[PDB]
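S.K.: Residues per chain are reported as follows:
Protein chains: 2
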Amino acid sequence: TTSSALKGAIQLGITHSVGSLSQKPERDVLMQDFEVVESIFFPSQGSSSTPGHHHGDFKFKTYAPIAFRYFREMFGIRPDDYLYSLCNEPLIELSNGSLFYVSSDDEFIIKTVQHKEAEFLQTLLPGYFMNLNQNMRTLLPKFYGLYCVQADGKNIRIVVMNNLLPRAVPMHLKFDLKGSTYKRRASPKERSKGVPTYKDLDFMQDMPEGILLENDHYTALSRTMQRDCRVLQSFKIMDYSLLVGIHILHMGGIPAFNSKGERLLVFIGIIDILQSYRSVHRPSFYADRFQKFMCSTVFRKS
Amino acid sequence: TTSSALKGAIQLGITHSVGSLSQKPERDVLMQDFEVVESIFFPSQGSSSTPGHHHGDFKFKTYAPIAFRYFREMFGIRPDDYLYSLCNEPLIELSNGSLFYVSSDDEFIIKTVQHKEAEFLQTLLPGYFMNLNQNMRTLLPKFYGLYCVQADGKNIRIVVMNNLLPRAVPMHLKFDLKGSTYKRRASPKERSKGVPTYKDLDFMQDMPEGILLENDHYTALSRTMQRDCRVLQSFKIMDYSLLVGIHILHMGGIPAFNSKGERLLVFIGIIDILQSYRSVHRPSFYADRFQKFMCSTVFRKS
Ligand SMILES: Nc1ncnc2c1ncn2[C@@H]1O[C@H](COP(=O)(O)OP(=O)(O)NP(=O)(O)O)[C@@H](O)[C@H]1O
Ligand SMILES: Nc1ncnc2c1ncn2[C@@H]1O[C@H](COP(=O)(O)OP(=O)(O)NP(=O)(O)O)[C@@H](O)[C@H]1O
Ligand SMILES: O=[Se](=O)([O-])[O-]
Ligand SMILES: O=[Se](=O)([O-])[O-]
Ligand SMILES: O=[Se](=O)([O-])[O-]
Ligand SMILES: O=[Se](=O)([O-])[O-]
Ligand SMILES: [Mn+2]
Ligand SMILES: [Mn+2]
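Top line first, the protein sequences correspond to chains A and B. The first sequence runs 57 to 152, 157 to 310, 357 to 384, 404 to 427 under full-length UniProt numbering. The second sequence runs 57 to 152, 157 to 310, 357 to 384, 404 to 427 under full-length UniProt numbering.
Accuracy of the hints is not assured; some may be wrong.
Copies of the same chain are indistinguishable here, so a pair counts whether it falls within one copy or spans any two.
What the hints assert, rightly or not - When the alpha-carbon atoms are kept at most 20 Å apart in a straight line, the in silico EDC-like pairs for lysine to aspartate or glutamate are as follows: (1) 80 <-> 413; (2) 202 <-> 236; (3) 253 <-> 212; (4) 296 <-> 89; (5) 296 <-> 84; (6) 253 <-> 137; (7) 249 <-> 149; (8) 80 <-> 91.
In case anyone wonders, no lab produced these hints; they're calculated from the structure.
With the hints as constraints, model all of the structure from the sequences given.
M.R.: Shown next as structure tokens:
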């Protein structure tokens with residue numbers, strides 16, 4: 057593939073994009089700063105401006121940058137940290157349409173995106189900002205950046221964001237859960253893997269007594285889901301999953363207890379959030414199912 | 057006038073509007089909740105729903121209510137406090157187009173509004189929310205509510221908001237300042253009053269050594285203005301004033363020192379913010414003037 061080609065365009069492109077920013081002085085974000093999109097010409101020779109390269113000519117589209125500065129800021133992501141782990145350390149591909161990549165240090169993921177979505181996102185931002193500034197504990201994905209790359213005619217949109225499941229805490233059981241059932245078992249291929257990413261039925265089968273939760277924790281979660289749903293609902297959004305990482309242990359995640367009885371650090375985050383019908406009540410439905418499902422079956426009190 | 061008539065429609069209308077709310081349980085505010093507007097029919101007989109009255113038939117339009125609940129919440133305004141001081145204590149008129161009214165307890169003001177404006181406002185809200193959640197120390201007006209009343213054919217839009225200058229701290233000198241000069245002297249009529257509301261030139265005349273400020277305070281203000289301007293700018297907004305209340309003293359305001367040398371508690375807030383051209406650069410201009418003017422002439426460091 058022209059993949060390594062892209063991997064570069066990213067690290068070349070962002071480093072510029074962001075350093076570019078740390079010139080311009082800080083300022084609050086405005087309803088404008090969302091719609092904006094900046095481009096940068098990256099020739100294989102390279103101006104005294106866009107230099108370097110020998111990799112394959114492109115332009116680097118940076119999106120709503122002042123907004124994403126704000127978001128990083130609020131998610132506590134120092135630019136040098138961001139630039140480093142992302143740009144000065146080789147990017148590593150992944151099996152899963158939509159191609160993922162990962163930071164050498166397992167902190168950051170990179171989905172690609174249907175232009176359909178990328179545009180939706182832009183529109184979401186204000187809505188995002190609001191939820192973010194209100195449900196401080198939201199489960200929604202932490203969107204650190206949005207960028208497009210132009211490879212000849214071709215165009216690649218990508219989003220950068222928090223890996224929910226770092227190598228650090230090693231995950232034993234791993235589930236992608238929706239509250240639905242059609243094809244909601246992990247493919248033969250998938251099950252032939254490490255701590256492979258399961259699914260509703262596999263959970264339901266392999267874990268029918270549930271994930272037990274100390275009342276108070278069960279609430280924080282419950283309410284904070286019910287909040288995230290109500291957002292997503294409102295944005296006519298569907299197919300989202302709760303990604304869950306259980307870790308039996310023989357500190358930056360959730361405390362649980364077992365069907366047997368072992369203590370547990372669990373890790374979650376709602377995902378795949380950009381496909382938006384944007404029927405009349407259908408998302409409103411998918412939210413309630415997702416809700417009842419996680420907050421009744423997948424996690425339970427006492 | 058049919059004024060006392062209106063005074064009622066308000067207190068009758070809000071009390072319903074808000075109690076109406078304290079049923080529905082709390083929830084984060086969504087980009088939707090801004091656009092919404094609820095109405096309530098208030099007959100002079102009155103349903104078992106909208107009852108009471110003998111005052112003159114009307115409807116009570118309540119605006120973006122979940123947003124304004126949020127705002128009150130964030131400005132720390134407990135509904136019982138709000139309802140009481142506003143609805144269970146006679147409203148008091150005022151001289152100043158645009159009719160003001162005041163809470164018996166001097167906490168709240170009520171401007172009326174050109175439909176032109178009221179609509180602008182709605183649009184501002186998201187923008188408002190952002191600034192509010194970012195410049196915690198903004199000088200912008202604290203908008204507690206927006207309501208319209210329908211008196212026969214007639215329609216009255218009103219906004220409720222923080223009185224910047226309560227009876228509590230008695231204000232000695234009082235200025236309305238813009239950074240302009242045309243008609244920027246206080247009318248003969250006006251000067252024949254208590255601590256009458258002056259203006260640029262009167263300030264410039266009666267106070268040419270300025271309002272002195274302990275470095276650190278001068279900054280908090282300076283930066284926080286420069287922020288508010290940049291918002292307002294962005295909303296293509298003009299004719300705003302800085303309302304200033306100086307109090308010589310022989357604690358909820360700003361510390362200053364004098365041309366002579368007396369200690370001072372000063373009180374400010376940007377106002378008259380809804381008239382929006384919404404020329405190319407003109408607001409951007411009016412902001413910089415307003416800026417330089419307050420942060421150079423009206424307040425100065427050391
Ligand atoms: N933030 C994350 N942290 C950890 N793993 C993730 C994350 N995002 C995606 N993944 C992995 O990718 C899988 C699902 O991909 P997803 O994000 O749903 O996008 P997609 O390619 O559109 N899949 P779908 O559209 O549901 O078929 C998850 O089950 C995870 O195993
Ligand atoms: N929040 C407030 N606190 C104290 N006084 C206020 C407040 N708002 C308005 N006033 C008084 O009303 C005066 C100006 O009215 P303003 O709010 O500018 O609306 P307006 O009627 O549109 N005037 P303008 O449009 O500038 O001619 C101020 O100078 C104050 O004396
Ligand atoms: O997908 Se695209 O933007 O048409 O190349
Ligand atoms: O593959 Se599916 O039907 O979205 O779970
Ligand atoms: O001012 Se209005 O709304 O036309 O009565
Ligand atoms: O009356 Se004026 O010209 O707006 O200060
Ligand atoms: Mn998907
Ligand atoms: Mn005005």
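S.K.: Which numbered hints turn out to be false for this structure?
M.R.: 3, 6
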